[PDB]
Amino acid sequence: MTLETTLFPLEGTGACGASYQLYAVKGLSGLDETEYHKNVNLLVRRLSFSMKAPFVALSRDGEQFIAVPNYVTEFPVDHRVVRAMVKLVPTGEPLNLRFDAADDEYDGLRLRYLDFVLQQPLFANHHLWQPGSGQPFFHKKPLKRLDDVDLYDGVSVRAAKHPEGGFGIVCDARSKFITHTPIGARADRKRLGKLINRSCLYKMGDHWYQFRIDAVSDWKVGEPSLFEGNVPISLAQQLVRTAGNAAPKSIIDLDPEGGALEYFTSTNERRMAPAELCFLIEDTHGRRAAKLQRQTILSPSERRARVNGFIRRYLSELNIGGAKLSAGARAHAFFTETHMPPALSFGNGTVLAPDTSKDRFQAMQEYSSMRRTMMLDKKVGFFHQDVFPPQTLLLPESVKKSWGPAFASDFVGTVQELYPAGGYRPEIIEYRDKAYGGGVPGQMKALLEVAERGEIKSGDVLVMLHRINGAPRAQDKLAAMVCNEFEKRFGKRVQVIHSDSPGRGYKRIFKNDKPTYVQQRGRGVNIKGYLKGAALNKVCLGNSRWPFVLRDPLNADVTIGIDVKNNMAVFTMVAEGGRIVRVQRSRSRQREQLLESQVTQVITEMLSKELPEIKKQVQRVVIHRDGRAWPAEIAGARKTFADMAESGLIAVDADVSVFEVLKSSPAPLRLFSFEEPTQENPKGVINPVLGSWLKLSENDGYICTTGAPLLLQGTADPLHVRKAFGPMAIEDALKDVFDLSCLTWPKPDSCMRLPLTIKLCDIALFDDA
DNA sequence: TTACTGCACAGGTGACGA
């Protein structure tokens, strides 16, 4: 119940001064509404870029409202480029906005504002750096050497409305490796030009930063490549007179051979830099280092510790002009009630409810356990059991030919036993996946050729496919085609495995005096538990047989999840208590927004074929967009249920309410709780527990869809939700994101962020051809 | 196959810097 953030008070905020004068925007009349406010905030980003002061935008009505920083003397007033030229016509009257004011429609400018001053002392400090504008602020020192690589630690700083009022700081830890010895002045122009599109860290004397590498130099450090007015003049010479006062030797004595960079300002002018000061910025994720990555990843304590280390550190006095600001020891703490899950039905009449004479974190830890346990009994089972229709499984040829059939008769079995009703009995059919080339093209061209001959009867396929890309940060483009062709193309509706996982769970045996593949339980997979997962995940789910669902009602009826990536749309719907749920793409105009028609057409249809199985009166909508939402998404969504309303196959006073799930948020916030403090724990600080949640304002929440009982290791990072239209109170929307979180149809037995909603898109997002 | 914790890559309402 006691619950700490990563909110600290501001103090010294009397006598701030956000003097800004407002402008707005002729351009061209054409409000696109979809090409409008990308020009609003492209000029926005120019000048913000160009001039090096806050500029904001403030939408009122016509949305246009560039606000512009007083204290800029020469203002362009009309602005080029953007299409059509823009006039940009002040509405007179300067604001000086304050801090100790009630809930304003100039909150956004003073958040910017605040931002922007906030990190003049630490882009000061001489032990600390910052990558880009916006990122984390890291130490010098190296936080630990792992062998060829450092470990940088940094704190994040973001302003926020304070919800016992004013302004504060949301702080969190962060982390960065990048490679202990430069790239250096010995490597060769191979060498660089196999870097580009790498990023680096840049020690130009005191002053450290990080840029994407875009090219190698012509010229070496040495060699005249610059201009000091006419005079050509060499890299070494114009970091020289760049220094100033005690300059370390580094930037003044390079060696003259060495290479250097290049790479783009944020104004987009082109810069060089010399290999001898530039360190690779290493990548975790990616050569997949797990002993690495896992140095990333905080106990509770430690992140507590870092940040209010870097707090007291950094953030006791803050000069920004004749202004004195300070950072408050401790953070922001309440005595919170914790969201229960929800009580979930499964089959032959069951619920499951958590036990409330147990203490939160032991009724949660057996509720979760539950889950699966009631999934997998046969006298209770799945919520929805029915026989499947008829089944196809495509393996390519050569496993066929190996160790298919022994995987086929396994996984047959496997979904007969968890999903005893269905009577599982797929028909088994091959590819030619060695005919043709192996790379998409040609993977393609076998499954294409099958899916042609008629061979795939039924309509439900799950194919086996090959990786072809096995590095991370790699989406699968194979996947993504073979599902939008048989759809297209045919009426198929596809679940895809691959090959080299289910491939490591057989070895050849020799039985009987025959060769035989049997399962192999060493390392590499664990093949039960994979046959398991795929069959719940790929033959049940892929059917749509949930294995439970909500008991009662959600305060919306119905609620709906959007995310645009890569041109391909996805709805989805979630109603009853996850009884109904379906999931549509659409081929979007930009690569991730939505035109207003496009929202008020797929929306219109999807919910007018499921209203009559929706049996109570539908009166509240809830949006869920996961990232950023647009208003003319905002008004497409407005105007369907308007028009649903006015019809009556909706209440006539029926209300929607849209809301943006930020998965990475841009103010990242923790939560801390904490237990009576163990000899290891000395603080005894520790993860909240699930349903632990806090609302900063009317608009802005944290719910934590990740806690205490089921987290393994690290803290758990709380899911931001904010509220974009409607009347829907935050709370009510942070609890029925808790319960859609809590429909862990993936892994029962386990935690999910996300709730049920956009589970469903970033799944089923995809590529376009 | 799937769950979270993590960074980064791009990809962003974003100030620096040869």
The other form holds:
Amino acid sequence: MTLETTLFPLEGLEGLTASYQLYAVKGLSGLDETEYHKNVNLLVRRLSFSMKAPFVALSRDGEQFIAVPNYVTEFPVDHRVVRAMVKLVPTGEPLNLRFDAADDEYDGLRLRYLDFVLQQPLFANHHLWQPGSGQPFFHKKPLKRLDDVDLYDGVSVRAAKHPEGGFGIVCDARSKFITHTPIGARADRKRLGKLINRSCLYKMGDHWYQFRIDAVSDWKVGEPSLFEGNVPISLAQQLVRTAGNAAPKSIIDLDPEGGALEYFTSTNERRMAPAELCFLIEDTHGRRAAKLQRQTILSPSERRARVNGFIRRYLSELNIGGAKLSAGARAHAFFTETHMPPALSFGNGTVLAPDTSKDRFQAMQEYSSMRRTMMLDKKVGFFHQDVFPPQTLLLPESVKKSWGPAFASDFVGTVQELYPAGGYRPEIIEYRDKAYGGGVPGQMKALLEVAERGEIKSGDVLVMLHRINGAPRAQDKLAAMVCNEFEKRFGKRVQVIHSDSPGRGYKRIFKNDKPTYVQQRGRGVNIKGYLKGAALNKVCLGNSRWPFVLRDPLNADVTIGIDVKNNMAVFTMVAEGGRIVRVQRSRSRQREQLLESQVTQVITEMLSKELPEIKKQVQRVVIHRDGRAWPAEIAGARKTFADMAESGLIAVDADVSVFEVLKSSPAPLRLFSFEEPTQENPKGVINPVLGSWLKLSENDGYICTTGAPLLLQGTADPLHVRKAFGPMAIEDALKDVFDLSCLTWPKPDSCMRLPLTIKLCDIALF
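Moving from the form deposited with the DNA bound to the form solved without the DNA:
There are no partners or other molecules in what follows, just the one chain.
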């Protein structure tokens, strides 16, 4: 019950002046929304870099408001580029922010100043470096060698509210992989062309930083490519002109014939960097280098050790205006009650409840196992049991002619054993996967023409696609294409599997003097496991046959997940206790953001259909956003529900709350609990228990949706949720985030870090 954080308190901030002066930006007041905030955050960075002061943006009312420190002297007030010229009219009332104070709306302002000053000792340490603004600091010396790629260890350091009052520091260990040798001066023009969009570490003498390769320069390092006052100057000459004092040999003795790269500054200037000084960052999720990935998974005691070691070594001294701000040696620790997993309802009126008489750890593991075994027991089974509507299995022709039939036979039987009530009996159809070209167009040509023939009787289809590109850090545009077209022109609900992984499970055999495909089970896939998993996710879940639901009400009557990536939005809606789940995709006019009118359309459309099956009057709605919530999205959700409270579809005093679900947290914190130290674990640090949680603030909490009994390796990564709007108390949102993440439908005997609401969003996009 004893949990330690990676929160370290900050002392000697006791009544420290932080003085600001609000300005407001007239700009180009046309708000393209996504474009409006790119430029806002563009100017704050440009202004911050040029005057070396903590400029911030405060989005309330007009969403402008750049906060200028009172201590800056000359201030341009007018700023060029940015299309139409911008003007900043000061809003008076200079704010002297205290750090001993209660919660303000200027706490975002206070956290930014605190953030800015905290990285000055770090940015000045010659032995550390930072990839870009806002990122962790890494040691210049690599931790580990790993045979042509280097492993660098870093620590993110972010300011945050302390739940006992005042301010503190949250940290986490990070790893970055960089190839050991540079690109090199001798690498030729064609090889350099092949690196566009990759990112490399640039050791520009003592200033190390990261950039993205945008183009290859027409000019080598020693040929004049720009000018320092009219006169043409080589890149080699430029690095000499901007070196200091005892510049390293490496930056003044560059091969004149080496090539140079070009990149854009975080203010969009173009710069060059010599390939002799550039080191490719190894995207290991792009190229499966898993022995590399293994070096990155740290035990809880390693992770704790690296963070505490870092704290005591680099944030020990910090003089800001003389002030002596110490980071305490003791991370914040507290006693808390841990959420028990919720009672669950299965088929045949059977509930699964955590056993409160066994000890917590043994009870959680029995519980987690029982979600699978109850789901599979023909005596209890799925909560929702019914015949499937007609189904279709759409296979490539090359597959129907080889192992398709054995796979389909095995697959149907797997569905019927997992979900006996369904009577899965799919029509098996094919498309001419070799008639048109095997790229995305051509695969799609054959698919549309099967559709156009009307060969997909039935509204549900499971179609087997070929993998076009691998690289798990890619976009499978074929799958999205098939769903967009099959949903939009025909009435199809489509689920996707690929042909490579099941195909590895079958080998051809000669039996009774006839070729046959039979399962194999050496190395490559576990075909039985694949068959069970695909049966649950593609057939059962794809027909909304939920295996189990919450027995008890969440704090919210309805929670809606929202993710938008790559101009495609997903809305999931969970009501009852997961008894009612709906997922709508919709195209988006911006890459990662939604128009207000679009939010209000999709949600009233989705909810209106479902309201007659929500048999309790609705009075709490929650929205879970993946990442940042945008003001136009909030307006659409408050408008949607204020409307329904007036129609009578919902309680006249219903309320909305908006929470950002930060699967990639901007302020990542760890939680540990403790154990007897034991040879193998000299400090006795273990993962936190499954339901552990911590709030820092009314707006910021963390729940271990993953944790002690149920993790295989590594240390639990607490899910950061941040309150964007609304009455609901942050503690309540964390509790039913936890309860929603116990609906582990894609893999019941496992833990699941995301609540079901936004997990369904990642599934629908991925």
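Throughout, rigid core stands for the largest set of C-alpha atoms superposing within 1.5 Å between the two forms. Residue numbers count along the first chain shown, from 1.
Only one of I297, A329, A333, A215 has its C-alpha shifted by 2 Å or more between these two forms once the core is superposed, and that residue is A215. Once both forms are fitted on their rigid core, the CA atom of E262 lies 2 Å or more apart between these two forms.
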